[PDB]
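Excluded from the complex is one protein chain; the other protein chains are retained at their positions.
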Amino acid sequence: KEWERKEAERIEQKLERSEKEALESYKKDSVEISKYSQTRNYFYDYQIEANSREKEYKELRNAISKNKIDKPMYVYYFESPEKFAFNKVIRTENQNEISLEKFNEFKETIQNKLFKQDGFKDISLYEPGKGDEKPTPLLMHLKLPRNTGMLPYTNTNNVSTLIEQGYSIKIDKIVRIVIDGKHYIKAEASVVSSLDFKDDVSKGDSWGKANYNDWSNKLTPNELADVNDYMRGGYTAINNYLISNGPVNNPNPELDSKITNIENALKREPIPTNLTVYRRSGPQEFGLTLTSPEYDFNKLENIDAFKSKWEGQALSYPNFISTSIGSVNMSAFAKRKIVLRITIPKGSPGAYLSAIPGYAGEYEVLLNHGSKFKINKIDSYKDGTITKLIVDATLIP
Amino acid sequence: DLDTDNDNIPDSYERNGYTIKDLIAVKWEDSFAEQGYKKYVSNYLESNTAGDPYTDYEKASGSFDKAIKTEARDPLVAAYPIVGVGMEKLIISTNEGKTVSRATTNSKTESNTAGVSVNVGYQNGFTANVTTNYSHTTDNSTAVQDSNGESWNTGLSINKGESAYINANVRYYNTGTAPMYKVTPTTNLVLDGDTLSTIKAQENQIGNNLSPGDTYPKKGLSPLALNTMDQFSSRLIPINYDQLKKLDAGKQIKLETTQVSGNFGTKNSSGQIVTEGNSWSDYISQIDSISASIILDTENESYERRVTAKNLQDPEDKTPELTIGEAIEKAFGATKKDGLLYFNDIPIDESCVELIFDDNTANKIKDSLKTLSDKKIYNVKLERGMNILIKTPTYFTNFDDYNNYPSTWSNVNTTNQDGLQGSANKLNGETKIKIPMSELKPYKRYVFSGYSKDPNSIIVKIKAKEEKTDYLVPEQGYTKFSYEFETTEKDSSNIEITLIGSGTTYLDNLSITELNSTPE
Partner (left out) sequence: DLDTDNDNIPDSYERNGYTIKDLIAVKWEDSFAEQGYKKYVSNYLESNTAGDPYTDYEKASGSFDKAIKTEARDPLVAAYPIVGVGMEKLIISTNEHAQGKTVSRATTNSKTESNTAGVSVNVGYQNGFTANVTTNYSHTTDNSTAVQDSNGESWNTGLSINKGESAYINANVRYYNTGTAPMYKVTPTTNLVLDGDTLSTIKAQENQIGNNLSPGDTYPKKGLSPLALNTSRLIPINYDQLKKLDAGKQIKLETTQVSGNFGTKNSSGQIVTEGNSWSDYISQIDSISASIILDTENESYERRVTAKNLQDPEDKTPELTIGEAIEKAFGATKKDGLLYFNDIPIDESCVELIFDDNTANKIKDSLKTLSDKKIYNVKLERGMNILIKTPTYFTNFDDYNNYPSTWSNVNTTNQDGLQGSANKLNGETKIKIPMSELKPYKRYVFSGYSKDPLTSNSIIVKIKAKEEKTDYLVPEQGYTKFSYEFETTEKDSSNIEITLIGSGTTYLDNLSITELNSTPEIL
């Protein structure tokens, strides 16, 4: 507390005017700005440009990027089990005991997965005790790495630590601690970082072009010709053949050679990092229709049925997957209510498609057919009056 | 299970009895005593059942700063310290250089037993005594040791118009259940009304903290002198001729503790202990007006506790009542075995030890006992404003497991089952005990008490500083008798206690208790 407050007024003397004005703007509007920072990236570019909270959001994000930490820090916070796809209550507020079986359920839910943490979030530096707020039975105790954002700030009589979480986490362990006779879950997790761009699409385009400008020279002429077909209209025919169970129902050896060339081309240059991409998926990609009543997420029961059906599952696309680095909404698929967030491990096949001159693909990347995604989380937000969903999934090999 | 006062204890567990095990509150299922657990009850309009700084969960679960006694574990008996000061030596000097110096011994409860009046036979269900004056442990009375009665003025050639000085040795002790930090006694001296000089002590020169049980200076060590004090360095307490010639008579000097201040311990999140912002100054004035006082005097040690109880006339408070037996069971480490309470090995009972009451509470308890059909004072309701002293016998036999008389009693047979507490005696012939001066303190006062039944005249005969023989006819039930005497100096003859019955009477629970000291 004393150390936290000390670098709170140590930070406060180096701040600027717009940064501090955004700081009190967040002080009065913490919850709404935090929920905005959760889900602002799925709107349009001009929706964000016309949004009222964006100037304060970028000033606070600049302040968080300015303040880096020198050493890894173990930090504490409280959050709902619904945040970690445990869409239920572990123990209620009148309950004080987290049983061994529900702790086993929490273990078997939150294990071996990477879970997203995005936006601004407050945390505590020392272990909370009796004199602190304990709203949830879930306390995570995380090793934040070096140079991560760090804002101790004194708000009235208290002090708080605000960060811009922009990373996934791997939950290494959870233990069953007791505070004031109430059972709490203390989570020892690891910060695992992935390359994400969200709305930063020009810099991701530059990275993909720098990583894939010489990729065309390394392919065979058969592979290069089939890639040119795919970016010149062959994606429709190839994906239609692949979804329709091609080699089994209606074998096409020319299309088999084509998809083999595309697969080997994607195998030519595996990606050098863990990446996070976005995809405007349709109901047809999830066994639904536009006329499906379950597709209307504006009611909560459709959201809950989608979470029950899809979270914690492995989903298979037998066709090549076309996604993009951008999370923003577009006129092509603002109608579609499904936004899929995909985490790709390092060394997986795939390539940046928009480095080739003469292609109208907007910052597009392609993934090999037959791929499987482990759906980790589903969240919700309101794009206009339309409830849309955020599906955090990870590519499993 | 809703919580009214913010203490995280379900209300159903506070209306019922509950214990703390596994650092949580579970209901008392009346099967945890053989485990060793004990039961508590907490009030719910306030998170503090008693007015100590520590809260009901912390107090009742043992989360306090560990230095206090184990008898304050319940949330009903608070923990505050009661310091005391005594003198162990006297020096009188005329130099601003003849000197006379002797030894003194202190008694914590001597003035409380000063004004108690004894009666032969208690002609009610009271079966006890009432003192006129109630004195705590914080004040105490002293006796100079053996000097063969020689005049104090033959060693000092001081006439009318001259002043001598006080030099002495003092000791600080505690009898409560708390250590008090930054000890500032600010005690005083009075000499039959008029004070000579108050005694002011500072924080660092005397011991900074002063834990209960042990003393500053420690047990078996030299008491702290008055010359080694910054106030009493160039001057001492002056005395005129009239005062010293008044002390030539059989009179005593007494000490009190007036007002103290200091901090108390607590716990910290970053650190562990801080004792700066704390204070006892505004917490004593709440405890002193809500609770009721119990004092006990074993011949080696005095204890006191302060147990809370409800006022009768007001529905608005929900502090639960207690009876006297349960109050002394919780306040003291009193094990209730076979229905009888034992502190460590001395039995504590209405039929085993002496109970002394003040004037005001005696009327109310005698009003309450008429409602009670058991006619025993351990079951009456304890209310706000009770002041009880209890004194242990030096020697008490119940013709049972507890026997401590230093000489065997003649003609004692315990082959009976109709005694009040276990077996009793038969006065088929006559009982006698010789007890010399070497087994007794010199120049004191005593009372001999017991229970008798006769389903005939009984003669008692006491050889003492004054011989006293008397008659008493007993009843078919039990009636308590008591007889006062005094003894004389060590080099004198003995104490012969004789009881001649009629062959068909029973005597049980016989005790000898110290009352006062005869003057000289």
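Going in written order, the chains are labelled A and B, and every chain counts its residues from 1.
Heads up, the rule we're going with is that contacts are C-beta pairs under 8 Å (C-beta built on N, C-alpha and C of every residue); 3 or more make two chains touch, one makes a residue touch a chain.
Engineer: With the missing chain put back, one of B:28, B:37, B:152 or B:378 would touch it. Which one?
Structural biologist: B:37
Engineer: I'm checking contacts with the chain that's been left out. Which of A:69, A:73, A:89 or A:178 qualifies?
Structural biologist: A:178
Engineer: For the full complex, which residue in B:15, B:21, B:318 or B:490 touches the chain that was left out?
Structural biologist: B:21
Engineer: Write down which of B:147, B:222 or B:492 is the residue touching the left-out chain.
Structural biologist: B:222
Engineer: Pick out which of A:21, A:105 or A:127 touches the chain that's been left out of the picture.
Structural biologist: For the chain that is not drawn, the touching residue is A:127.
Engineer: Going by the touch rule given at the top, which residues of subunit B touch the chain that is not shown?
Structural biologist: Here the touching residues of subunit B are 20-21, 23, 35-37, 62, 65-67, 70, 89, 97, 169, 179, 181, 204, 207-209, 211, 217, 220-222, 224-225, 227-228, 272-273, 275.
Engineer: Quickly run down the residues of subunit A that touch the omitted chain.
Structural biologist: Contacting residues on subunit A, toward the hidden partner: 127, 173, 175-178, 186.
We adopt the following convention: only the chains that are shown with their structure count from here on.
Engineer: Report the inter-chain centroid distance for subunit A and subunit B in whole angstrom, where each centroid is the mean of the CA atoms.
Structural biologist: 73
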